[PDB]
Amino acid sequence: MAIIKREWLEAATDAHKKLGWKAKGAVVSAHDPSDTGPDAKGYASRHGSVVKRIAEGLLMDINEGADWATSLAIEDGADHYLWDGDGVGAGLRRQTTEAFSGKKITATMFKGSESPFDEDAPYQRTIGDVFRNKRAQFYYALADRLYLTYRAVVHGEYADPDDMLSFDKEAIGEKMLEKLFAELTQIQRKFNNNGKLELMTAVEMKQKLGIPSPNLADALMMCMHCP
(Lines of atoms letter the chains of each structure in order from A and count residues from 1; the text may use other names and numbers.)
(Lines give C-alpha, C1' and ligand atoms only; values in the text may rest on other atoms or scores of the structure.)
(Ligands and ions follow the chains in the order given, each with its own letter.)
Protein backbone atom coordinates (compact mmCIF):
# COMPACT_ATOMS: atom_id res chain seq x y z
CA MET A 1 0.00 0.00 0.00
CA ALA A 2 3.05 2.28 0.24
CA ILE A 3 3.22 4.85 -2.54
CA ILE A 4 6.95 5.63 -2.67
CA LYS A 5 9.80 3.14 -3.20
CA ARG A 6 13.07 3.59 -1.33
CA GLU A 7 14.93 2.91 -4.59
CA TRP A 8 13.31 5.98 -6.18
CA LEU A 9 14.58 8.09 -3.28
CA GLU A 10 18.11 6.74 -3.68
CA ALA A 11 18.01 7.42 -7.43
CA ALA A 12 16.61 10.92 -6.82
CA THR A 13 19.48 11.72 -4.46
CA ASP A 14 21.71 14.15 -6.39
CA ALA A 15 19.78 13.25 -9.56
CA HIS A 16 20.40 16.74 -10.94
CA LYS A 17 24.15 16.11 -10.61
CA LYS A 18 23.90 12.61 -12.09
CA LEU A 19 21.91 13.83 -15.08
CA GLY A 20 23.53 17.23 -15.49
CA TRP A 21 20.83 19.82 -14.90
CA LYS A 22 20.40 22.74 -12.52
CA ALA A 23 17.63 24.10 -10.32
CA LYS A 24 15.32 26.48 -12.18
CA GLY A 25 12.06 28.07 -11.09
CA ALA A 26 10.51 29.47 -7.94
CA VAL A 27 11.67 28.68 -4.44
CA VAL A 28 8.83 26.94 -2.60
CA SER A 29 8.88 26.28 1.16
CA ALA A 30 6.36 24.52 3.42
CA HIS A 31 5.82 24.01 7.11
CA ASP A 32 4.08 21.22 8.98
CA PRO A 33 3.26 22.47 12.51
CA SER A 34 2.57 18.90 13.70
CA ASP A 35 -0.03 18.70 16.49
CA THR A 36 -0.22 19.08 20.27
CA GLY A 37 1.93 16.00 20.83
CA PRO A 38 5.66 15.18 21.10
CA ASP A 39 6.29 14.82 17.36
CA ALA A 40 8.75 17.21 15.69
CA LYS A 41 7.61 19.94 13.30
CA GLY A 42 8.64 19.86 9.65
CA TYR A 43 10.00 22.22 7.02
CA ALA A 44 10.96 21.59 3.40
CA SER A 45 12.21 23.88 0.65
CA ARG A 46 12.98 23.44 -3.03
CA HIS A 47 14.28 25.54 -5.89
CA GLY A 48 12.29 24.29 -8.86
CA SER A 49 12.90 20.56 -9.00
CA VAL A 50 15.84 20.51 -6.57
CA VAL A 51 15.09 20.05 -2.87
CA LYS A 52 17.58 22.06 -0.79
CA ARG A 53 16.44 21.98 2.84
CA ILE A 54 14.71 19.46 5.10
CA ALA A 55 14.49 20.58 8.70
CA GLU A 56 12.99 19.40 11.98
CA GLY A 57 11.58 21.81 14.56
CA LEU A 58 12.06 20.59 18.11
CA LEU A 59 10.74 21.75 21.50
CA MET A 60 8.59 24.52 19.99
CA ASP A 61 5.01 25.62 20.63
CA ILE A 62 2.79 26.48 17.65
CA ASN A 63 3.96 30.11 17.43
CA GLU A 64 7.65 29.35 17.92
CA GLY A 65 7.29 26.73 15.18
CA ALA A 66 5.80 29.26 12.77
CA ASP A 67 8.55 31.77 13.60
CA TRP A 68 11.12 29.05 12.98
CA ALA A 69 9.68 27.98 9.62
CA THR A 70 8.94 31.47 8.27
CA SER A 71 12.49 32.50 9.21
CA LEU A 72 13.83 29.49 7.27
CA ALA A 73 11.66 30.50 4.30
CA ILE A 74 13.21 33.97 4.39
CA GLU A 75 16.70 32.48 4.70
CA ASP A 76 15.97 30.22 1.72
CA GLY A 77 14.75 33.11 -0.43
CA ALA A 78 11.31 31.55 -0.77
CA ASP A 79 8.90 32.98 -3.31
CA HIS A 80 6.04 30.91 -1.88
CA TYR A 81 5.37 29.51 1.58
CA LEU A 82 2.69 27.00 2.52
CA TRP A 83 1.70 25.52 5.83
CA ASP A 84 -0.67 22.80 7.04
CA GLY A 85 -3.87 24.49 8.20
CA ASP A 86 -6.05 21.38 8.70
CA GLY A 87 -5.21 21.10 12.39
CA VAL A 88 -3.42 23.21 14.99
CA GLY A 89 -2.07 25.44 12.22
CA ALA A 90 -5.53 26.74 11.31
CA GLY A 91 -4.90 30.04 13.07
CA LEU A 92 -1.40 30.86 11.84
CA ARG A 93 -2.19 33.20 8.90
CA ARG A 94 -1.82 36.43 10.90
CA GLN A 95 1.60 35.47 12.32
CA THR A 96 2.76 34.14 8.98
CA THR A 97 1.84 37.30 7.05
CA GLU A 98 3.44 39.42 9.80
CA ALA A 99 6.65 37.41 9.41
CA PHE A 100 6.72 38.15 5.67
CA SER A 101 5.89 41.88 6.01
CA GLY A 102 7.78 43.89 3.39
CA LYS A 103 8.96 40.79 1.54
CA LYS A 104 7.85 39.26 -1.75
CA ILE A 105 6.74 35.95 -0.26
CA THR A 106 3.25 34.53 -0.71
CA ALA A 107 1.61 32.60 2.12
CA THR A 108 -0.84 29.82 1.32
CA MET A 109 -2.73 27.69 3.81
CA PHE A 110 -2.68 24.08 2.70
CA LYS A 111 -5.62 21.89 3.70
CA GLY A 112 -5.06 18.29 2.65
CA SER A 113 -8.70 17.39 3.35
CA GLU A 114 -9.98 19.71 0.62
CA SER A 115 -11.11 18.45 -2.76
CA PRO A 116 -8.21 18.40 -5.23
CA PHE A 117 -6.77 21.52 -6.81
CA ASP A 118 -8.29 22.05 -10.27
CA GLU A 119 -10.54 19.04 -9.73
CA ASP A 120 -12.56 19.41 -12.93
CA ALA A 121 -9.54 19.32 -15.25
CA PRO A 122 -8.74 16.12 -17.16
CA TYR A 123 -6.40 13.71 -15.41
CA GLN A 124 -3.18 13.23 -17.38
CA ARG A 125 -11.87 11.14 -16.15
CA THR A 126 -10.99 14.23 -14.12
CA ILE A 127 -8.50 15.02 -11.38
CA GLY A 128 -11.42 14.89 -8.93
CA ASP A 129 -12.33 11.38 -10.10
CA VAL A 130 -8.80 10.18 -9.43
CA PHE A 131 -7.80 11.83 -6.13
CA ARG A 132 -10.00 12.11 -3.05
CA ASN A 133 -8.33 15.23 -1.76
CA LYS A 134 -5.29 17.50 -1.87
CA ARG A 135 -3.30 15.26 0.48
CA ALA A 136 -3.59 12.43 -2.05
CA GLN A 137 -3.13 14.74 -5.03
CA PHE A 138 0.13 16.23 -3.91
CA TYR A 139 1.63 13.08 -2.42
CA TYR A 140 1.06 11.50 -5.82
CA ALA A 141 2.58 14.59 -7.48
CA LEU A 142 5.62 13.84 -5.32
CA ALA A 143 5.50 10.10 -6.08
CA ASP A 144 5.16 10.76 -9.82
CA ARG A 145 8.16 13.12 -9.83
CA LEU A 146 10.22 10.57 -7.93
CA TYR A 147 9.31 7.68 -10.24
CA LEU A 148 10.11 9.65 -13.41
CA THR A 149 13.43 10.59 -11.79
CA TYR A 150 14.11 6.94 -10.96
CA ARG A 151 13.39 5.88 -14.57
CA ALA A 152 15.70 8.65 -15.86
CA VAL A 153 18.57 7.95 -13.47
CA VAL A 154 18.39 4.15 -13.40
CA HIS A 155 16.76 3.19 -16.73
CA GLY A 156 18.08 6.02 -18.91
CA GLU A 157 14.57 7.15 -19.86
CA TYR A 158 14.41 10.84 -20.71
CA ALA A 159 12.27 13.13 -18.64
CA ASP A 160 11.92 16.88 -18.41
CA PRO A 161 13.77 18.11 -15.27
CA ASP A 162 10.66 20.16 -14.50
CA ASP A 163 8.79 16.87 -14.00
CA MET A 164 11.51 15.29 -11.82
CA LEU A 165 12.72 15.84 -8.25
CA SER A 166 16.30 15.78 -7.03
CA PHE A 167 17.52 15.84 -3.43
CA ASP A 168 20.59 18.05 -3.03
CA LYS A 169 22.31 15.80 -0.50
CA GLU A 170 25.14 18.20 0.30
CA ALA A 171 22.68 21.04 0.92
CA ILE A 172 20.18 18.98 2.90
CA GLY A 173 22.61 16.89 4.94
CA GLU A 174 22.75 13.09 5.07
CA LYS A 175 21.07 12.77 8.48
CA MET A 176 17.97 14.82 7.67
CA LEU A 177 17.76 13.27 4.20
CA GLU A 178 17.66 9.82 5.80
CA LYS A 179 14.98 10.95 8.28
CA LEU A 180 12.91 12.22 5.37
CA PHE A 181 13.33 8.98 3.41
CA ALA A 182 12.34 6.87 6.41
CA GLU A 183 9.06 8.83 6.62
CA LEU A 184 8.32 8.87 2.87
CA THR A 185 8.41 5.09 2.57
CA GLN A 186 5.73 4.87 5.26
CA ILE A 187 3.12 6.98 3.42
CA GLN A 188 0.32 4.58 2.51
CA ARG A 189 -2.84 4.25 0.47
CA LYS A 190 -6.09 3.53 2.33
CA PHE A 191 -9.21 1.81 1.05
CA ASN A 192 -11.71 4.19 -0.55
CA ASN A 193 -15.39 3.38 -1.21
CA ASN A 194 -15.58 5.62 -4.28
CA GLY A 195 -12.55 4.20 -6.06
CA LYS A 196 -10.46 7.31 -5.50
CA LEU A 197 -6.85 7.48 -4.40
CA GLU A 198 -6.73 8.25 -0.69
CA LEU A 199 -3.89 8.14 1.84
CA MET A 200 -3.78 7.34 5.54
CA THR A 201 -3.69 10.35 7.83
CA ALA A 202 -1.05 10.70 10.55
CA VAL A 203 -3.67 9.78 13.15
CA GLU A 204 -4.47 6.55 11.32
CA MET A 205 -0.79 5.69 10.81
CA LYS A 206 -0.25 6.15 14.54
CA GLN A 207 -3.20 3.92 15.46
CA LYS A 208 -2.73 1.06 13.01
CA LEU A 209 1.06 1.01 12.72
CA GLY A 210 2.31 2.91 15.76
CA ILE A 211 4.50 5.26 13.76
CA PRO A 212 5.01 8.98 14.57
CA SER A 213 3.57 11.81 12.48
CA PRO A 214 5.58 12.01 9.23
CA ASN A 215 5.97 15.76 9.31
CA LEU A 216 9.09 15.98 7.15
CA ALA A 217 7.31 13.97 4.44
CA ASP A 218 4.18 16.12 4.76
CA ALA A 219 6.22 19.33 4.52
CA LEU A 220 7.85 18.09 1.29
CA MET A 221 4.44 17.02 -0.04
CA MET A 222 2.97 20.47 0.54
CA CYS A 223 5.75 22.22 -1.32
CA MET A 224 4.68 20.21 -4.42
CA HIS A 225 1.95 22.79 -4.83
CA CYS A 226 3.25 26.06 -6.23
CA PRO A 227 0.67 28.87 -5.82
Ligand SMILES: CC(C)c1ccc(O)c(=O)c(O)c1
The other form holds:
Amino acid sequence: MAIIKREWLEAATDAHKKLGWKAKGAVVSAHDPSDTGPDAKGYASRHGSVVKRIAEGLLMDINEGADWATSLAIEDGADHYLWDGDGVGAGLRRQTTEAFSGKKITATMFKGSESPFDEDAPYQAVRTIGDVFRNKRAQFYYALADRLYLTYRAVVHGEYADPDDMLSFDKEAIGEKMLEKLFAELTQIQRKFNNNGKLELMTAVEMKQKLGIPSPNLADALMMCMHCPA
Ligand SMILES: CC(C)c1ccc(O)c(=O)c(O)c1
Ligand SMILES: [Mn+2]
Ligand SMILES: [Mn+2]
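Can you switch from the form deposited without the ligand and show the form deposited with the ligand bound instead?
Every component of the complex follows; first up is the chain already shown.
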Protein backbone atom coordinates (compact mmCIF):
# COMPACT_ATOMS: atom_id res chain seq x y z
CA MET A 1 0.00 0.00 0.00
CA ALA A 2 3.03 2.31 0.27
CA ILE A 3 3.21 4.90 -2.53
CA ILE A 4 6.94 5.75 -2.50
CA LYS A 5 9.87 3.29 -2.75
CA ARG A 6 13.01 3.88 -0.70
CA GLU A 7 15.05 3.13 -3.84
CA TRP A 8 13.52 6.15 -5.65
CA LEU A 9 14.50 8.40 -2.75
CA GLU A 10 18.07 7.12 -2.82
CA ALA A 11 18.25 7.70 -6.58
CA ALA A 12 16.73 11.19 -6.23
CA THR A 13 19.39 12.14 -3.72
CA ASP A 14 21.71 14.54 -5.60
CA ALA A 15 20.05 13.58 -8.85
CA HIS A 16 20.60 17.08 -10.23
CA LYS A 17 24.33 16.50 -9.70
CA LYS A 18 24.22 12.98 -11.14
CA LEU A 19 22.44 14.10 -14.31
CA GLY A 20 24.07 17.53 -14.53
CA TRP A 21 21.21 20.01 -14.27
CA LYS A 22 20.57 23.01 -12.06
CA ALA A 23 17.72 24.24 -9.90
CA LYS A 24 15.56 26.59 -11.96
CA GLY A 25 12.23 28.13 -11.11
CA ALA A 26 10.37 29.63 -8.17
CA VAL A 27 11.31 28.96 -4.59
CA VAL A 28 8.37 27.27 -2.84
CA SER A 29 8.24 26.68 0.92
CA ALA A 30 5.62 24.92 3.01
CA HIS A 31 4.87 24.50 6.69
CA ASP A 32 2.99 21.75 8.56
CA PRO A 33 1.90 23.45 11.82
CA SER A 34 0.82 21.79 15.04
CA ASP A 35 -0.42 22.89 18.45
CA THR A 36 1.69 22.18 21.53
CA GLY A 37 1.90 18.40 21.75
CA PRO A 38 3.53 15.21 20.36
CA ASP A 39 3.34 16.28 16.74
CA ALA A 40 6.35 18.20 15.49
CA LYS A 41 6.26 21.11 13.03
CA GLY A 42 7.36 20.44 9.45
CA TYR A 43 9.03 22.75 6.95
CA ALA A 44 10.21 22.04 3.39
CA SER A 45 11.56 24.28 0.66
CA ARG A 46 12.54 23.71 -2.94
CA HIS A 47 14.04 25.80 -5.68
CA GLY A 48 12.27 24.49 -8.75
CA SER A 49 12.97 20.75 -8.90
CA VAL A 50 15.64 20.77 -6.20
CA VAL A 51 14.62 20.37 -2.54
CA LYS A 52 17.00 22.48 -0.45
CA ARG A 53 15.68 22.54 3.12
CA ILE A 54 13.85 20.13 5.38
CA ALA A 55 13.44 21.12 9.00
CA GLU A 56 11.54 19.91 12.00
CA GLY A 57 10.28 22.11 14.78
CA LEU A 58 10.13 20.93 18.36
CA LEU A 59 8.82 22.31 21.65
CA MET A 60 6.79 25.09 20.03
CA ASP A 61 3.17 26.20 20.22
CA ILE A 62 1.28 26.89 17.03
CA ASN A 63 2.14 30.59 16.78
CA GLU A 64 5.82 30.04 17.57
CA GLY A 65 5.75 27.30 14.95
CA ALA A 66 4.37 29.68 12.32
CA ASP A 67 6.92 32.33 13.24
CA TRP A 68 9.68 29.72 12.86
CA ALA A 69 8.46 28.55 9.48
CA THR A 70 7.82 32.01 8.01
CA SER A 71 11.33 33.05 9.10
CA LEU A 72 12.76 30.00 7.31
CA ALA A 73 10.77 30.94 4.19
CA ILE A 74 12.27 34.43 4.31
CA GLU A 75 15.78 33.03 4.83
CA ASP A 76 15.23 30.67 1.87
CA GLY A 77 14.09 33.53 -0.38
CA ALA A 78 10.69 31.92 -0.92
CA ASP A 79 8.44 33.28 -3.66
CA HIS A 80 5.52 31.20 -2.42
CA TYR A 81 4.65 29.88 1.02
CA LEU A 82 1.95 27.31 1.82
CA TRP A 83 0.72 25.93 5.13
CA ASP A 84 -1.71 23.22 6.23
CA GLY A 85 -4.95 25.04 6.98
CA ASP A 86 -7.08 21.97 7.70
CA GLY A 87 -7.68 21.85 11.47
CA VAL A 88 -5.40 23.82 13.81
CA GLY A 89 -3.72 25.88 11.08
CA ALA A 90 -7.04 27.37 9.91
CA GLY A 91 -6.51 30.65 11.76
CA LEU A 92 -2.89 31.36 10.78
CA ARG A 93 -3.38 33.62 7.70
CA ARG A 94 -3.18 36.86 9.70
CA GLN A 95 0.12 36.05 11.43
CA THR A 96 1.46 34.69 8.13
CA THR A 97 0.69 37.78 6.07
CA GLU A 98 2.11 39.92 8.88
CA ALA A 99 5.36 37.96 8.75
CA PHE A 100 5.66 38.62 5.02
CA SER A 101 4.75 42.33 5.19
CA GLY A 102 6.83 44.24 2.67
CA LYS A 103 8.17 41.04 1.10
CA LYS A 104 7.28 39.61 -2.31
CA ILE A 105 6.04 36.32 -0.85
CA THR A 106 2.56 34.95 -1.54
CA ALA A 107 0.85 32.93 1.18
CA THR A 108 -1.58 30.14 0.29
CA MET A 109 -3.55 27.97 2.66
CA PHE A 110 -3.40 24.33 1.67
CA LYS A 111 -6.48 22.25 2.53
CA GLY A 112 -5.68 18.59 1.88
CA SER A 113 -9.28 17.50 2.33
CA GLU A 114 -10.61 19.64 -0.56
CA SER A 115 -11.41 18.30 -4.00
CA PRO A 116 -8.35 18.09 -6.24
CA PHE A 117 -6.88 21.10 -8.01
CA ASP A 118 -8.38 21.40 -11.50
CA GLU A 119 -10.59 18.38 -10.86
CA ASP A 120 -12.39 18.57 -14.20
CA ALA A 121 -9.25 18.43 -16.35
CA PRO A 122 -8.44 15.17 -18.18
CA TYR A 123 -6.07 12.98 -16.18
CA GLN A 124 -2.73 12.74 -17.99
CA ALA A 125 0.32 10.47 -17.65
CA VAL A 126 -12.90 10.78 -20.38
CA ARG A 127 -11.20 10.20 -17.01
CA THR A 128 -10.62 13.39 -15.05
CA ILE A 129 -8.32 14.42 -12.24
CA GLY A 130 -11.37 14.31 -9.96
CA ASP A 131 -12.20 10.72 -10.93
CA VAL A 132 -8.67 9.69 -9.99
CA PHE A 133 -7.83 11.49 -6.75
CA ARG A 134 -10.20 11.85 -3.82
CA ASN A 135 -8.64 15.06 -2.56
CA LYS A 136 -5.67 17.45 -2.72
CA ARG A 137 -3.67 15.42 -0.19
CA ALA A 138 -3.78 12.41 -2.53
CA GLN A 139 -3.22 14.52 -5.64
CA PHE A 140 -0.08 16.18 -4.39
CA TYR A 141 1.42 13.12 -2.76
CA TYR A 142 1.06 11.38 -6.10
CA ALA A 143 2.63 14.40 -7.85
CA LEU A 144 5.54 13.89 -5.49
CA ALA A 145 5.64 10.14 -6.15
CA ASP A 146 5.49 10.71 -9.92
CA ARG A 147 8.43 13.13 -9.79
CA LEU A 148 10.44 10.66 -7.70
CA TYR A 149 9.68 7.72 -9.95
CA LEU A 150 10.65 9.64 -13.11
CA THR A 151 13.85 10.72 -11.39
CA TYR A 152 14.60 7.11 -10.46
CA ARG A 153 14.05 5.96 -14.03
CA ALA A 154 16.38 8.73 -15.26
CA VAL A 155 19.13 8.12 -12.70
CA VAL A 156 19.07 4.32 -12.53
CA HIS A 157 17.62 3.31 -15.89
CA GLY A 158 19.01 6.14 -18.03
CA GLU A 159 15.54 7.10 -19.25
CA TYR A 160 15.35 10.75 -20.27
CA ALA A 161 13.14 13.06 -18.26
CA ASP A 162 12.69 16.81 -18.25
CA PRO A 163 14.24 18.16 -15.01
CA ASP A 164 10.98 20.16 -14.62
CA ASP A 165 9.21 16.85 -14.02
CA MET A 166 11.84 15.42 -11.68
CA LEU A 167 12.82 15.96 -8.05
CA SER A 168 16.29 16.01 -6.52
CA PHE A 169 17.27 16.19 -2.87
CA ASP A 170 20.25 18.47 -2.34
CA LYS A 171 21.99 16.33 0.28
CA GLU A 172 24.64 18.92 1.17
CA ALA A 173 22.06 21.68 1.68
CA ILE A 174 19.52 19.50 3.49
CA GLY A 175 21.88 17.49 5.66
CA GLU A 176 22.10 13.71 6.02
CA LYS A 177 20.27 13.61 9.36
CA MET A 178 17.18 15.46 8.14
CA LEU A 179 17.18 13.58 4.85
CA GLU A 180 17.02 10.27 6.75
CA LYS A 181 14.11 11.53 8.86
CA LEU A 182 12.27 12.61 5.71
CA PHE A 183 12.82 9.29 3.95
CA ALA A 184 11.59 7.26 6.93
CA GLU A 185 8.38 9.31 6.74
CA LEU A 186 7.89 9.23 2.97
CA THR A 187 8.15 5.45 2.83
CA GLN A 188 5.30 5.15 5.31
CA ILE A 189 2.76 7.19 3.31
CA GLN A 190 0.12 4.65 2.28
CA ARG A 191 -3.01 4.16 0.23
CA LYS A 192 -6.25 3.44 2.00
CA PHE A 193 -9.31 1.64 0.64
CA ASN A 194 -11.84 3.96 -1.07
CA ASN A 195 -15.47 3.02 -1.83
CA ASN A 196 -15.65 5.19 -4.96
CA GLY A 197 -12.45 3.71 -6.43
CA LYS A 198 -10.43 6.89 -6.10
CA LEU A 199 -6.88 7.21 -4.84
CA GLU A 200 -6.90 8.17 -1.17
CA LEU A 201 -4.14 8.15 1.45
CA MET A 202 -4.18 7.32 5.16
CA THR A 203 -4.52 10.37 7.36
CA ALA A 204 -2.00 11.26 10.07
CA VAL A 205 -4.54 10.04 12.64
CA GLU A 206 -5.05 6.65 11.00
CA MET A 207 -1.31 6.16 10.62
CA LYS A 208 -0.66 6.61 14.33
CA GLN A 209 -3.81 4.87 15.58
CA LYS A 210 -4.07 1.94 13.17
CA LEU A 211 -0.37 1.17 12.83
CA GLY A 212 1.35 3.22 15.52
CA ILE A 213 3.79 5.40 13.61
CA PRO A 214 4.46 9.12 14.25
CA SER A 215 2.83 11.84 12.15
CA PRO A 216 4.67 12.44 8.84
CA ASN A 217 5.18 16.21 9.31
CA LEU A 218 8.25 16.44 7.12
CA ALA A 219 6.56 14.46 4.35
CA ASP A 220 3.40 16.57 4.62
CA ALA A 221 5.51 19.76 4.27
CA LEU A 222 7.32 18.42 1.21
CA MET A 223 4.03 17.29 -0.31
CA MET A 224 2.48 20.73 0.10
CA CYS A 225 5.37 22.40 -1.72
CA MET A 226 4.49 20.31 -4.81
CA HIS A 227 1.76 22.88 -5.38
CA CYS A 228 3.06 26.13 -6.90
CA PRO A 229 0.16 28.66 -6.50
CA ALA A 230 0.84 31.00 -9.44
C1 LIG B 1 -4.35 14.62 15.29
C2 LIG B 1 -3.10 14.25 14.59
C3 LIG B 1 -2.83 12.77 14.41
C4 LIG B 1 -2.68 15.18 13.44
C5 LIG B 1 -3.71 15.73 12.65
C6 LIG B 1 -3.62 16.60 11.56
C7 LIG B 1 -2.48 17.14 10.99
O8 LIG B 1 -2.62 17.97 9.93
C9 LIG B 1 -1.16 16.94 11.38
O10 LIG B 1 -0.25 17.61 10.63
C11 LIG B 1 -0.62 16.16 12.40
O12 LIG B 1 0.75 16.19 12.49
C13 LIG B 1 -1.31 15.37 13.32
MN1 LIG C 1 -0.90 18.99 9.20
MN1 LIG D 1 1.85 17.19 10.99
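Each form is matched to the other, and the largest set of C-alpha atoms that superpose within 1.5 Å is called the rigid core. Numbering follows the first chain given and starts at 1. Only residues modelled in both forms are compared.
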Practice task
Scan 34, 45, 70, 166 for the one whose CA shifts by 2 Å or more between the two forms after superposing the rigid core, and name it.
Solution key: 34
Exercise for the section: Superpose on the rigid core and then read off how far the CA of residue 87 has moved between the two forms, in Å. Expected result: 1.3
Practice task
After lining up the core, report the Cα displacement of residue 139 between the two forms in Å, one decimal place.
Solution key: 0.1
